[PDB]
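*Asks:* What follows is the residue order along each chain.
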Amino acid sequence: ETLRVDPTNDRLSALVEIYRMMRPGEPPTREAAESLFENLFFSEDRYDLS
Amino acid sequence: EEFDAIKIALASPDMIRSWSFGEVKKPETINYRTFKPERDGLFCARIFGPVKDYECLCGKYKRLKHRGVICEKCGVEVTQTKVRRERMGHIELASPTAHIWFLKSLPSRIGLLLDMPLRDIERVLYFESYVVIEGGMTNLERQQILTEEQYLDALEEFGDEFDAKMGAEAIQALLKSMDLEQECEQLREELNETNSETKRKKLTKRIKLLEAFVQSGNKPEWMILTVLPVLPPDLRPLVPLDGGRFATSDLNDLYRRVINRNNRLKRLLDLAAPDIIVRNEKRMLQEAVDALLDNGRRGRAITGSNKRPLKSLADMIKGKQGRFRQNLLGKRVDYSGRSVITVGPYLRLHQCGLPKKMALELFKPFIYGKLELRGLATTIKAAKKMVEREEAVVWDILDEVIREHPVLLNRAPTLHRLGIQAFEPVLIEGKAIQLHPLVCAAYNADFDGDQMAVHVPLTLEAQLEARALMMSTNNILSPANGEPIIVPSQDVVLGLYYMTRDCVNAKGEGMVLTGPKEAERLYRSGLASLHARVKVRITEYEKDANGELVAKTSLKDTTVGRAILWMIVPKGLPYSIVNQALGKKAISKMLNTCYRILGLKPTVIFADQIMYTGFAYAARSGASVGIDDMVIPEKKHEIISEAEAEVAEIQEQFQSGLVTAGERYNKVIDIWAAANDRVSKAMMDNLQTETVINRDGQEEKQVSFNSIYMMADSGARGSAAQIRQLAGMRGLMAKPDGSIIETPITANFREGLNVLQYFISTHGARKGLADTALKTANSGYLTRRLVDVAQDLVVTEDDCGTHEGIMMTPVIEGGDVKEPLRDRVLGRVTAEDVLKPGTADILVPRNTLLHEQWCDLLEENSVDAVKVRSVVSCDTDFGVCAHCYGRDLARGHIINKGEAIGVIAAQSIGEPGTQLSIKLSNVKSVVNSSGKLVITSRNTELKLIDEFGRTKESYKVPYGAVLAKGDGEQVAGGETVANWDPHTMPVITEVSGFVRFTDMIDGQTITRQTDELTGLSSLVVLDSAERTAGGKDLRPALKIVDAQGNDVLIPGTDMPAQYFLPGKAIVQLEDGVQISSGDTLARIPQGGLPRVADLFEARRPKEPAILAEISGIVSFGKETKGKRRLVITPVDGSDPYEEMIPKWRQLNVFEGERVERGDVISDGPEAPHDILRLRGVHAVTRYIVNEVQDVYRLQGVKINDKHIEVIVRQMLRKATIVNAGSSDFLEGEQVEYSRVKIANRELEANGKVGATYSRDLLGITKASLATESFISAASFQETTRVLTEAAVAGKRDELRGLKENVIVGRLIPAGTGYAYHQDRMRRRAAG
Amino acid sequence: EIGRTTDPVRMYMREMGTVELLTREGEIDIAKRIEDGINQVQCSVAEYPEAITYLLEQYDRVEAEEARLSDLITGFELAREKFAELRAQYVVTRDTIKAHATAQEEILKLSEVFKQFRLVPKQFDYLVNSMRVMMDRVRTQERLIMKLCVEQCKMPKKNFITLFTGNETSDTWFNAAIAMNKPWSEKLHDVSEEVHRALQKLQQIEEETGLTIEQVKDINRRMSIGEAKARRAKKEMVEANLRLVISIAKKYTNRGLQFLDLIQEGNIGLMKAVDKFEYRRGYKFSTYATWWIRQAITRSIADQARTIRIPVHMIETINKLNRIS
RNA sequence: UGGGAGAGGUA
Ligand SMILES: [Mg+2]
Ligand SMILES: [Zn+2]
Ligand SMILES: [Zn+2]
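Protein chains in written order, with the deposited numbering: chain C, 349 to 398; chain D, 15 to 930, 957 to 1126, 1136 to 1376; chain F, 90 to 165, 215 to 237, 242 to 467.
Because the hints were derived from the structure by calculation, they are not lab data.
Incomplete in silico selection of chain F near chain D, CB under 10 Å:
| id | residue |
| --- | --- |
| 1 | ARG93 |
| 2 | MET100 |
| 3 | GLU381 |
| 4 | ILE410 |
In the DSS-like style, the derived pairs of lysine-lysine whose C-alpha atoms are separated by at most 25 Å in a straight line are:
| id | chain 1 | residue 1 | chain 2 | residue 2 |
| --- | --- | --- | --- | --- |
| 5 | D | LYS598 | D | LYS832 |
| 6 | F | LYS264 | F | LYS377 |
| 7 | F | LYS359 | F | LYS300 |
| 8 | F | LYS414 | D | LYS40 |
| 9 | D | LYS96 | D | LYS50 |
| 10 | F | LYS393 | D | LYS321 |
| 11 | D | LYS222 | D | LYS1311 |
| 12 | D | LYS280 | F | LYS418 |
| 13 | D | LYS1079 | D | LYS1167 |
| 14 | D | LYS1311 | D | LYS118 |
| 15 | D | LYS370 | D | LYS395 |
| 16 | D | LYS521 | D | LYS715 |
| 17 | F | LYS264 | D | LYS280 |
| 18 | F | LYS392 | D | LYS321 |
| 19 | D | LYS603 | D | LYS566 |
| 20 | F | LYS300 | F | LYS324 |
| 21 | D | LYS1286 | D | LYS1263 |
| 22 | D | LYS531 | D | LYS585 |
| 23 | D | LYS1247 | D | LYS789 |
| 24 | D | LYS280 | F | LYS414 |
| 25 | D | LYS39 | F | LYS414 |
| 26 | F | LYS359 | F | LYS289 |
| 27 | D | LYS40 | D | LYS96 |
| 28 | D | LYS179 | F | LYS377 |
| 29 | F | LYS377 | D | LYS280 |
| 30 | D | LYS964 | D | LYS983 |
We treat Cβ as the ideally placed atom computed from N, Cα and C, and that holds for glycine.
Using the sequences plus the hints, can you model the full thing?
*Replies:* This is the structure in structure tokens:
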């Protein structure tokens, strides 16, 4: 049901929508969306439980 | 200085330039070498006046000889320095920006005026998208929000015809180019063709807004700020610190931001900057102006240097620490002290012990005046130093000054009005305010470290308020209920209980005494105790018909202690006042009886003397607590062991697998509750009657002299629950999840708890301590909301001459009498007579204050219900009359005109919030074949009237319930007369004969199945949501006919005997059988403080009860849909009304009967809005009063019903108009009900049709905001919304409220100021 | 897109994201276009005779020894003799203007010898705005002529742009407008006296300029297109280095001022660096722009950051005494 | 002296 509601197509469209949620009003692009989704969770300096 | 009105409106740029004195053009405030203010700065002397009194900046003009001149050297006008907080400046903004209040406070007023969405207006203001103002072509219309690409297309396409601008200047040009009367006329035509609900509401909102602009005379261009004004620099001051560094206000920072960005915009417009840079600077100026007007409103709040958001102008005025609620209502006050309070029992009732040093500091200018009058000091400096050196002549002058000069003892939180009282002070040596012990029940103050404020009245009028209105010997009775609050509390009560109790053979029993003086002589000589049952001679004085006192003298069988108190009890009271053991309720009745018989002065001296003797004999008693005085019952371990064995027996039965876990849980709780009740009963027995070792008749028994039982039975400190926790069992303690724990705390506070029981007890202790804090906050918020509704209510007239009223029946719900007629009606004024024969034929006329003698006559003749005038039904404009309110409860007589009712009513309601024969009526029945009578109505009540005529109980029977007793039958007690089916709802009949099974076929409306127990088939009517296509247009009917088949009619009506049964009916009766009359046919199945706050805020509940809006029969009209519509047609006229009922909700009223106005169609809680609109004003008043009093009686607090009626009358102030006559009300405008009453009075005076209306119960928050006074509404709550609505509509304040005259600074029209205000009103009328 | 954004610096970064960065070579071409506009505005203000008499009389004012030698000349005993022979060339072209291509070649030779005088920019603005205000005088004059011929007679506009826009010096066009037998031309007699006032006003323009309306219209038209080209080239140079402004102001953030104020004052410094940039020193744009952007940001945070404002010379003096002692 | 935050405590 979540896949039927979900309007994205693939990975780059998913990153653009995550960019539009996190930093709204900014024109998204591929490299900025990739760097944003990497450095939110999967970076050793901006995420830590450890 | 003597103004009649405070008119608020919008500010034109010409008016802002008329306020100002010079354009502020520099951000820098002052210098750093020498600290003189700059030129055209934020603190400048030429704009905001001079810094020193009568001096320029350079030092040329330096005296008052040059009174007012302008200095030609530096521009500083030589005046006083008081004009540094009266002169404003102005900033000349380059781009005109938008006001954030009239853009973001919803509804936005710019979206509501221009008819543009707020998102699109925000896109225009954020310079993101162009908007077009005017266009000659048909391609681009007015208000078509173009993007950048569309504008660049249109620029190369047309380029000459259209003009599209972007930003706040475009919105200013749009509001300029629009036409108010043209748009108002076009929308008035647009409202008339069709009326959808959302479109008509939006159109009438816009029409009300546009008509507000035209009638106020404002212009829509004034919402766009072109010229921004500047606060004076002593209202945004520059205060230093102790280390040279400065600590300015946040307003100087915000003004510096606005001035810097405006100067940069001027520089960028002169430098021919690029479009991106100048657009960003215009956006920055808009952001800075919006931040200065309201920081936290538009976007991210601009934070200061210490990471905190700055305080703007809207944050200075609005909030908990705003200007209104921190300085305008409650101010700091000179001539004031504060100290700890101790006990002085040597005082009188109107005295308090001020210390010497603290009162010398208080009364210092009075000592200055007496020193200069007596010639002991020539000058004020000599008098100052003589007081500061503390001489003996200064102490003598202070002793002379403080004599007969009352001071007010305030203690915060002042919940009710007895938290401020005036006392004649007596100078003591110490540092603590010695109160009287009696007034600490009014102050709610114990001496565990409390603190009280001492304020000193200065003027002669203020001393007379404190002497005649606020003296502590005047307010004995509480204003909540008419009972004395100057009452003995716990220590006088213990002493008087130990006095007037009697032993059996104590010392010197059975003598004869010459009177009270010889009894006191016997006790203080030591030949007889306080408990000797002795015969004394008592000379009591009864009251004559007039004020004379006749006497009688006889022998009474008394004690020595009661014969000691007869020296104290004044002349006028009987001996049955004294001749019982005096608990706290008994001494309360003594002081009440002494008040109503003698007056005030014998009551004051009786309270002082009874306190003296209570303290003296409690000291001579020696009533001590010990460890041998908390007597544990000797059968505690046996009951505990039996209960544990029974709990273990049910536990092993559950472990065997017979009884379920929830039933085991409920059984264990019920067993431990029964065990706790048995242990508590055995404990109470063994503590009450343990004293059995007696003599001089035999081994006799009496009540025990144990001190724990003594301080429990006296009502002094504690109750039977506290004694149970000390001696018996602790009981069942609850978890914080609400569920009661299975095993209870068996040990008490004498045997000592173990570790796990104490850890279980900490749950409830911390929960109760947490709950207490929450309720006090809630109660204070509720008290503030109640006061701010009931501010504007005062007594104006002596009598209104109305004939309405509320018939006060004693509340008789359940099996007992909740309130008697005496507590319900004592104090009010009878509207009509009392027409009953009775025994003595009491006939009180109208306009009679019901005294205690008249209420005694009503009790003797046993009147059921009397109609008295209430505050809600009063017909006086802007205030009530004295005869509808009745008795001033604090005094005991009729209420003086001019005294504010509503503040007393709101305080009395919100103060205990920190403590929170067979008679048949309305019937329609038929006698069956067996005499077991059935009722065919739902609203039938079973009244239980005694043989004297009064009512004992009350019960409501269901529809179709069986009944054995008829009218007039007197059944004995204990007989079960209520017999009814709880789960099934019958569909019973009233005729007899055969049944014709018409309009039901197996397959589309009924389900063919059988019962699993008897094998007989049963025809369950299938619900319409699961029927097939053949059952979407039929209703099955039990067509009852006669014995051969003709259509029998109902006797009385013309309707055929049909029964449209609903679904899920267990039809056991088949065709071809005989049916009697009245038999069944089928079976159809089915806190305290938040409740008070939800009743007074008038909330529609989660499941409202559907009611009938028009009287008549009810039928169904719409098919093939589960939303059951009711075509409730009248029995006389046509039906203009239908009603929509959801799927799952059941119905009580079937489609064959006739309902009255306001019948319960769907069961559940009924909402007070429709209660008013259908039943009536008196019905919704009675509903609110009864459901509030149910809460306040559950918790045990006495509150008179007139206070709740005052809040209801203040809630019902609005009245929308459904049809107009010739008055100036067009359609649906919520005007005040007093205004339409005055308009209808004028219209029926000069002979016209008049205008009808319909009232509406607003909540507390909505009524105090929709109060016509913007100052009262903004001081209560939502200052931004109230000031925005008032500024747009152009309102004015007429200065008629108590809160308004507190804010402005005049005498309130409440009490003493009422004469001055009515003199001022008649001066304004006669001229 | 344009969503629910509320930070203005985020919208600034969106509105600056539309432009592209500059390459290694392109800003030399933009600076060449800027210098071409400056050369065009100088070569169109060169041949104006009253401006030449203004510079000679300001040279008489500096040679009468009451004004300094810095507020009217920047560079190129030498300027004195070359202005003396310019004055000799001026007093011979005052009477060889009567004779006809000799007049055109002598005024263009005065125009090209004028190009050596490196004048001060404030008096350049004086020359440009003096041309602008005499153009405003004659423009409201012709707007008055345009207004009076549309208000009364409802005539088409092709005859007006062929008759009025010819010589418009003598009365040869007004009598031609009356003498074309049209029913409004016989009722243009009440307009006649204030248009004769307008004609003598045009004759006043002929004696204070010396040339006709058509030559000065062409001169200020060349002035307008050169000013528009130079301003558009300057504008394109400005909106391609805003990322440099945010790169400089990224470090001055928590100094008592908001982040958006810093990049705004950096944009002011960027404009001041664009207006005074010289491309012939080989440097691209950034080594010259960084100093001006840093100066504007530092002078912003040294003044508008505190209530008690300390001047910049006093705070470096107390800082120098704090670092030595 | 006056202003604003943060923490603690008393009724
Ligand atoms: Mg206390
Ligand atoms: Zn001066
Ligand atoms: Zn009344």
